[PDB]
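*Asks:* What follows is the residue order along each chain.
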Amino acid sequence: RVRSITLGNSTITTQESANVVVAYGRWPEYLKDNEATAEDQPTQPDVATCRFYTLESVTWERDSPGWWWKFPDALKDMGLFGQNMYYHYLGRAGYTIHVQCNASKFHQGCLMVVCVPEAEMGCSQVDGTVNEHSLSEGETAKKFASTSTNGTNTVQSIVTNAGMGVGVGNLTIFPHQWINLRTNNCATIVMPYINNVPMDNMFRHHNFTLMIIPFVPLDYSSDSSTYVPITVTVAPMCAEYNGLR
Amino acid sequence: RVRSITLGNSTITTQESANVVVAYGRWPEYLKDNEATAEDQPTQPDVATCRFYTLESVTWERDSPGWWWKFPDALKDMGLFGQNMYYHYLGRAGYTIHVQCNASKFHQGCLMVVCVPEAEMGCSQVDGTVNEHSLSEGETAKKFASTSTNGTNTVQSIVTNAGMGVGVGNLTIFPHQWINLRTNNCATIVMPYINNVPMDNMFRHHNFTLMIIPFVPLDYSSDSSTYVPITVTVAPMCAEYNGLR
Amino acid sequence: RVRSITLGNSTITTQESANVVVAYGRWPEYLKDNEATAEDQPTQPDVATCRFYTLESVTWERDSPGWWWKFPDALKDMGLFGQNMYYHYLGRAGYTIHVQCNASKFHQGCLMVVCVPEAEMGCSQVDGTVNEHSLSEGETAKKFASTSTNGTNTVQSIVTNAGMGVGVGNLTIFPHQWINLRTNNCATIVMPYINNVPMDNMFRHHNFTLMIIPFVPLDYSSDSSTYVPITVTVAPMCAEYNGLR
Amino acid sequence: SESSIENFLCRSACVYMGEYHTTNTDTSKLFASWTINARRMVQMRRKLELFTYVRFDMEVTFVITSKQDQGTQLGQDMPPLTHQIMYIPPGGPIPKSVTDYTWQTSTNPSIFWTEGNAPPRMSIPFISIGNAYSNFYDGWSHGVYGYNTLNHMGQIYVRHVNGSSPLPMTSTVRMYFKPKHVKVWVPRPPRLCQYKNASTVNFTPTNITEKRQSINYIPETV
Amino acid sequence: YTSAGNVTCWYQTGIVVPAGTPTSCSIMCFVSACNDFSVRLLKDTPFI
Amino acid sequence: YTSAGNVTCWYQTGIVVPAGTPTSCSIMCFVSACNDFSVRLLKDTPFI
Numbered sequence: 012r013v014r015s016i017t018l019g020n021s022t023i024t025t026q027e028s029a030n031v032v033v034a035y036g037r038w039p040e041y042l043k044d045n046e047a048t049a050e051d052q053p054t055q056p057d058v059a060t061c062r063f064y065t066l067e068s069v070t071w072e073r074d075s076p077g078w079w080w081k082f083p084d085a086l087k088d089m090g091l092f093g094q095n096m097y098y099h100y101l102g103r104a105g106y107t108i109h110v111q112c113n114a115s116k117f118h119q120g121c122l123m124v125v126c127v128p129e130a131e132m133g134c135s136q137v138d139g140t141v142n143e144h145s146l147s148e149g150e151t152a153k154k155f156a157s158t159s160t161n162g163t164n165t166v167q168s169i170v171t172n173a174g175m176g177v178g179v180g181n182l183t184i185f186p187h188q189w190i191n192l193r194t195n196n197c198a199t200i201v202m203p204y205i206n207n208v209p210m211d212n213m214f215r216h217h218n219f220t221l222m223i224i225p226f227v228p229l230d231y232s233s234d235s236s237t238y239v240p241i242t243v244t245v246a247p248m249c250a251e252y253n254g255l256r
Numbered sequence: 012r013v014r015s016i017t018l019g020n021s022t023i024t025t026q027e028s029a030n031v032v033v034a035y036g037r038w039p040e041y042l043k044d045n046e047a048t049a050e051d052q053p054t055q056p057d058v059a060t061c062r063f064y065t066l067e068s069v070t071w072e073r074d075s076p077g078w079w080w081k082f083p084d085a086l087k088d089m090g091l092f093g094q095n096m097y098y099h100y101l102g103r104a105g106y107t108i109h110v111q112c113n114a115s116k117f118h119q120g121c122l123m124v125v126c127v128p129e130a131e132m133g134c135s136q137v138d139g140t141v142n143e144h145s146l147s148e149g150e151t152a153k154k155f156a157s158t159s160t161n162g163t164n165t166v167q168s169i170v171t172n173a174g175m176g177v178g179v180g181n182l183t184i185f186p187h188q189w190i191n192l193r194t195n196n197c198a199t200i201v202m203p204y205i206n207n208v209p210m211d212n213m214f215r216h217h218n219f220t221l222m223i224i225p226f227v228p229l230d231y232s233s234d235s236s237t238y239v240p241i242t243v244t245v246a247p248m249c250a251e252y253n254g255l256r
Numbered sequence: 012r013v014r015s016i017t018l019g020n021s022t023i024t025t026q027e028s029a030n031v032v033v034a035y036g037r038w039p040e041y042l043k044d045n046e047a048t049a050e051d052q053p054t055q056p057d058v059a060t061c062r063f064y065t066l067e068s069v070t071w072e073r074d075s076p077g078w079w080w081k082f083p084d085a086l087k088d089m090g091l092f093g094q095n096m097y098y099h100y101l102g103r104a105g106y107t108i109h110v111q112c113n114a115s116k117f118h119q120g121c122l123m124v125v126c127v128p129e130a131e132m133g134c135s136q137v138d139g140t141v142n143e144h145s146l147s148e149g150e151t152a153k154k155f156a157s158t159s160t161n162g163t164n165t166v167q168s169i170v171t172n173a174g175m176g177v178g179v180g181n182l183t184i185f186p187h188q189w190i191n192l193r194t195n196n197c198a199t200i201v202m203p204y205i206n207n208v209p210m211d212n213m214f215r216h217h218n219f220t221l222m223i224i225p226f227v228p229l230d231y232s233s234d235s236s237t238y239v240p241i242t243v244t245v246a247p248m249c250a251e252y253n254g255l256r
Numbered sequence: 060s061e062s063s064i065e066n067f068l069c070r071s072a073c074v075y076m077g078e079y080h081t082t083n084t085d086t087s088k089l090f091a092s093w094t095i096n097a098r099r100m101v102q103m104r105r106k107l108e109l110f111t112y113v114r115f116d117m118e119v120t121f122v123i124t125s126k127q128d129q130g131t132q133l134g135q136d137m138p139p140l141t142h143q144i145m146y147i148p149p150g151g152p153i154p155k156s157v158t159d160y161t162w163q164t165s166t167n168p169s170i171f172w173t174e175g176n177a178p179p180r181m182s183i184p185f186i187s188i189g190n191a192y193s194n195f196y197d198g199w200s201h206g207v208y209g210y211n212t213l214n215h216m217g218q219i220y221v222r223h224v225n226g227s228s229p230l231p232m233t234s235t236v237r238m239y240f241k242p243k244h245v246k247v248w249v250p251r252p253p254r255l256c257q258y259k260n261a262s263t264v265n266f267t268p269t270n271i272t273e274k275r276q277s278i279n280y281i282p283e284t285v
Numbered sequence: 184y185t186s187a188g189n190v191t192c193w194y195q196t197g198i199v200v201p202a203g204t205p206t207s208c209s210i211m212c213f214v215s216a217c218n219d220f221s222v223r224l225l226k227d228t229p230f231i
Numbered sequence: 184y185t186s187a188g189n190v191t192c193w194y195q196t197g198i199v200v201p202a203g204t205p206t207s208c209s210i211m212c213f214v215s216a217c218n219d220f221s222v223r224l225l226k227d228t229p230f231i
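So the sequences go chain by chain: B, B', B'', A, C and C'. A prime marks a further copy of an entry chain.
Counting from 12, one number per residue, gives the positions in the first sequence under the deposited numbering.
Counting from 12, one number per residue, gives the positions in the second sequence under the deposited numbering.
Counting from 12, one number per residue, gives the positions in the third sequence under the deposited numbering.
So the fourth sequence is residues 60 to 201, 206 to 285, counted in the deposited numbering.
Counting from 184, one number per residue, gives the positions in the fifth sequence under the deposited numbering.
Counting from 184, one number per residue, gives the positions in the sixth sequence under the deposited numbering.
In case anyone wonders, no lab produced these hints; they're calculated from the structure.
Any given hint might turn out to be false.
[Stated by the list, open to error] Calculated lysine to any residue pairs in the SDA-like style (CA-CA distance at most 25 Å, straight line):
1. C':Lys-226 x A:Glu-273
2. B':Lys-116 x B:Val-179
3. A:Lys-106 x C':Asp-227
4. B:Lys-81 x B:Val-179
5. C':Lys-226 x B'':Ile-184
6. B'':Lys-116 x C':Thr-196
7. B'':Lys-81 x B'':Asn-142
8. B:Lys-153 x B:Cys-197
[As the list claims (entries may be wrong)] Restraint ranges, calculated between C-beta atoms of paired labels, are given here:
9. B'':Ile-16 x B':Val-31: 29 to 37 Å
10. B:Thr-151 x C':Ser-207: 28 to 36 Å
11. B:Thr-151 x B'':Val-31: 49 to 57 Å
12. B':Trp-189 x B'':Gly-36: 53 to 61 Å
13. B:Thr-24 x B'':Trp-38: 33 to 41 Å
14. B:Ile-205 x A:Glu-283: 53 to 61 Å
15. B':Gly-133 x C:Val-214: 40 to 48 Å
16. A:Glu-283 x C':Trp-193: 16 to 24 Å
17. B':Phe-185 x B:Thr-24: 48 to 56 Å
18. B':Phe-214 x B:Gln-26: 21 to 29 Å
19. B:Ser-15 x B'':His-144: 33 to 41 Å
20. B'':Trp-38 x B:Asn-20: 41 to 49 Å
We put the CB at the ideal spot given by N, CA and C, even for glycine.
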């Protein structure tokens, strides 16, 4: 009851009892042919964009508020998919995201894993503006805080308002999955391309945001490990660019 | 693999992998029509007698000899089924009894759960007689003892003789179920109406007795909880009374 | 999901989810009829040779290098199968070997269980010769060592060379089974009769050797048991001797 | 195709080289002898130990060279020399001198050969009252540990075929051995330690493999 | 001094637990008859 | 200085245990060949 999956020259292993969320019922696909027939011809890499990219693990401790990543540009240094971001003026893609934990039966805790489109964030100063570095750091995660933040140009990252001004118990409206250390330790989310235009430039726009948020904190006792590792793996799907010839 | 059961305005949740003992092979049912055709017409409530009634939980500790309840009159204060006990001169009913535990995989112990018809009990003084309060206290359980008791008018409640003068290892002759903390934590017993007349008065006769008896005591270690809770839930079935018109 | 197996006047209990290795694809069987038709007539006991024989358990502690037994003559005192070894001049047989562990979910460790044909062993002194007592002690196991041994006439029993001069990580070439305390605790191996002649004398030749070797040592913590017991059970199959009339 | 059993084992090799004289004052230097087994050739031994039971035929070719001893006497005019190569089956008479009666027994097959011609060659079948040979034996001979009598394969003896009072000469024989029509049973792990003698499996304990720098070390890529 | 069969139980390995579980434990035996059981010559019981 | 591929393993999360279980642990590797394996030019081995 273990499946082994190979994309390109990558191989990972999952359990065949996985559960998969397809975001709004829609699988990813190519914009078919004839939105812009004449002088808008696209191309597709399909070479080493369809392959598993694995980020660094994060460390879940007793007081961890949460983590977030921006897509794309979490992959702007990831081999070929990142090269294509510099060579081409427009693009699009869907994604498959796997999130996994490594824990024992003597640990306990609960995580929400959610993919949020257009996650526009607020500044720590009400009459201020957010910086580009405070929104993302690429393949390194940003951190939520457990109290309200200060300083100039920083996202106001108190975890109960999720940086967007809503109640964090209501983020289940988005494509999401629960990880309860008692019953499962994995989550797969398949995201299609969602925009109000068919293609776009991939450097000054963040299509979506992946967030991981503990709702019940990690607990252990006498001589268990004091942390739990979380691992994120991403495979781009049906990527497509403007033709160069 | 969880089922949700609603009777009336009650809802409880069990596991679909439950095992059910039907007492002697016989499901409950109405005395059909014509034992006493002419001037013995019955009626049936079927209103809020068919509904789950939940008693208080009991606390299983390291030295717990056991618990017992008498039926009926464990339900003489339970809403409508108890009102009908005062308004009507004769009645009858079958029952469904659920018993559940809440324990971890780091606990251990073993319980017998048995339903005994006509459980006539002995006095602590050989030339004495038992009191009405020492036989039952309604929805509160009586307790077995681990040594032999004294005092006037009390049931002799040493647990090895079960208050009836038999060997307690032989109570498996009655409808019974085992709860081994290692393999399951629940037990369902369906009891029909058993008497030597078709109807009877429900105040001066105890049809049957529910007993719960630990055969291997509860054990735990360093910082587990020091007790385990047990919960009992009862649903009356096919209740029937003398007609009033 | 438990099976109960009776051979003769013996009964043991296993799990129906067992996995069974048939050594080289070959089940045991009688040499059919006519290798040596005229004056070589065999006979078969089939009385109390087909029955479970259970040896003493061995004790797996934190520093246990391993154990080995020789077949036959691990059964030269085992009832009838041992009587037949003295009454008859030639014989043959196959075997079924069950190996079981008793451990909890708070223990950990890994064992290899392997059956090796013609396991000729080396002496602790390079210009020496091995003794008969140092090769086997019957139904008592010999022990591997964790460093290289000395003394005259002793098998050189450093566990990394398995007494045969090979690398112990390569014994998987033989019929073998893994026992990982995390996932299973039992192993069955069915061995046929393997020789370069059809029958043979059972006292001066060791057909095969059963070895049990920990690759990851036993580990436990605070107040678990400090040892784990291992149990070996053997049933001879299709035994056959020279006729006496 | 090159990993089949026949292509892996059926190959020729020099397994014995010996010297013998026509005249001497030792009388054991007058003939050469060899017992057939495959345990004193270290490269063939290891390839054969990957299996527990073997069955093959043998083919033996002989390369023979002579020399006049540097003692003293020159000006000779000699005809070419003749040699006798005798095979003894298991359960046969063994010679002890070069003048013995056993060099004439009708059941010891023999080859007569004179120098200058092609090298001589004989073919021996599978000779065993058992059904296969064994490379490993966990038993007693009846008492030697690890030695069973079903593995006897015979012997070879070589002498000169002169008359009376011969002239001094020294010969060398090389025997080339090859198994044919081979079948093997029950594979085994490869020998990890060096061999110590020719009859036992004795060994000194050896390391499992060689070290590296750390459990993470991978060498820099070109 | 019976002429009856017997049953015995032996420790093959020993009991192994993780950290935080009770150390000792228990076994229970149940007896019953199989369908082919027969009885003869009703008499008086020696217990009352 | 090989021109060969490599394999590496990383801690994504860390190991988490309840109370009363051993703290450290182990991994084991097994290697084998798949059906499409070919060899050529029998030679002598460099080990004896």
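*Asks:* Hint by hint, note whether the structure agrees.
*Replies:* Here is what the structure says about each hint:
1. C':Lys-226 x A:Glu-273: holds, 23 Å
2. B':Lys-116 x B:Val-179: Violated, at about 34 Å.
3. A:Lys-106 x C':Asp-227: holds, 10 Å
4. B:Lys-81 x B:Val-179: holds, 18 Å
5. C':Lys-226 x B'':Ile-184: holds, 24 Å
6. B'':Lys-116 x C':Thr-196: holds, 22 Å
7. B'':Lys-81 x B'':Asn-142: holds, 14 Å
8. B:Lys-153 x B:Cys-197: holds, 21 Å
9. B'':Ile-16 x B':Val-31: 29 to 37 Å: Once the Cβ atoms are compared, 31 Å apart, the range 29 to 37 Å for B':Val-31 and B'':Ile-16 holds.
10. B:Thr-151 x C':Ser-207: 28 to 36 Å: For B:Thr-151 and C':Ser-207 the Cβ distance comes to about 29 Å; the hint holds.
11. B:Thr-151 x B'':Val-31: 49 to 57 Å: holds, 51 Å
12. B':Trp-189 x B'':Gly-36: 53 to 61 Å: violated, 44 Å
13. B:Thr-24 x B'':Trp-38: 33 to 41 Å: Since B:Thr-24 and B'':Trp-38 have Cβ atoms about 35 Å apart, the given range 33 to 41 Å holds.
14. B:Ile-205 x A:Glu-283: 53 to 61 Å: violated, 44 Å
15. B':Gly-133 x C:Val-214: 40 to 48 Å: Since B':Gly-133 and C:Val-214 have Cβ atoms about 27 Å apart, the given range 40 to 48 Å is violated.
16. A:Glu-283 x C':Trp-193: 16 to 24 Å: Between A:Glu-283 and C':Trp-193, where Cβ atoms are some 20 Å apart, the hint holds.
17. B':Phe-185 x B:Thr-24: 48 to 56 Å: holds, 52 Å
18. B':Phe-214 x B:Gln-26: 21 to 29 Å: violated, 59 Å
19. B:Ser-15 x B'':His-144: 33 to 41 Å: Between B:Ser-15 and B'':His-144, where Cβ atoms are some 50 Å apart, the hint is violated.
20. B'':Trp-38 x B:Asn-20: 41 to 49 Å: Holds, at about 44 Å.
The structure fails to meet hints 2, 12, 14, 15, 18 and 19 from the earlier list, while all remaining hints are met.
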